[PDB]
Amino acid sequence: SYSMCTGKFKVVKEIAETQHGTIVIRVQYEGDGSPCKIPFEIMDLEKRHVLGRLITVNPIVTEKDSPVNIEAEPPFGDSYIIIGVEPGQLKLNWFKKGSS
């Protein structure tokens, strides 16, 4: 029943595609109020619609200076992988090949 992290995140492992077409990322929390839920969302390029899905069940910051693994199923094509609140918010580009 944790609230969202208010601080910032650093990319420790850049987006990599798995053999299942999913993506994995590792981010490390900078700030306080942890344990806290990592704010995570996938959007279209216009930042108007939330897309895809988190595979990681409730990603929580549980350690000081240690990365947290996040796995997600992005939509096909271009999307933004958005992590953390503003002004530190990470905005990562991703392209998933194929169609449904």
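The term rigid core refers to the most C-alpha atoms you can superpose between the two forms while keeping them within 1.5 Å. Residue numbers count along the first chain shown, from 1. Compared with the form deposited in another entry:
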Second form
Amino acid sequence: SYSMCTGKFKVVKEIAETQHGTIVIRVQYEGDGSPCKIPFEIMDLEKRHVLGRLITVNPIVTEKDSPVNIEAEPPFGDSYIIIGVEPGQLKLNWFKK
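With the form deposited in one PDB entry already on screen, would you show the form deposited in another entry?
Nothing else is written out below except the one chain.
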């Protein structure tokens, strides 16, 4: 529940484009603490540090046996995604519409 994850992160599938208006990134976690919280932290092209909305149930990684699903209300324009601590950190460039 508490401190965020320390391991690496890895997307296992499609980053669907739900027509309601969201990206639904599915990931699997290879790391130290297995019942952590997921370090999701979307940002803009510069890093004034935030740009995007988190739509999932406020999720956590409780397995390595189970791929953590994620939903996020991105902005209809160029933008960077992010998942995981500094080393081996997912840095998706969802900068599309």
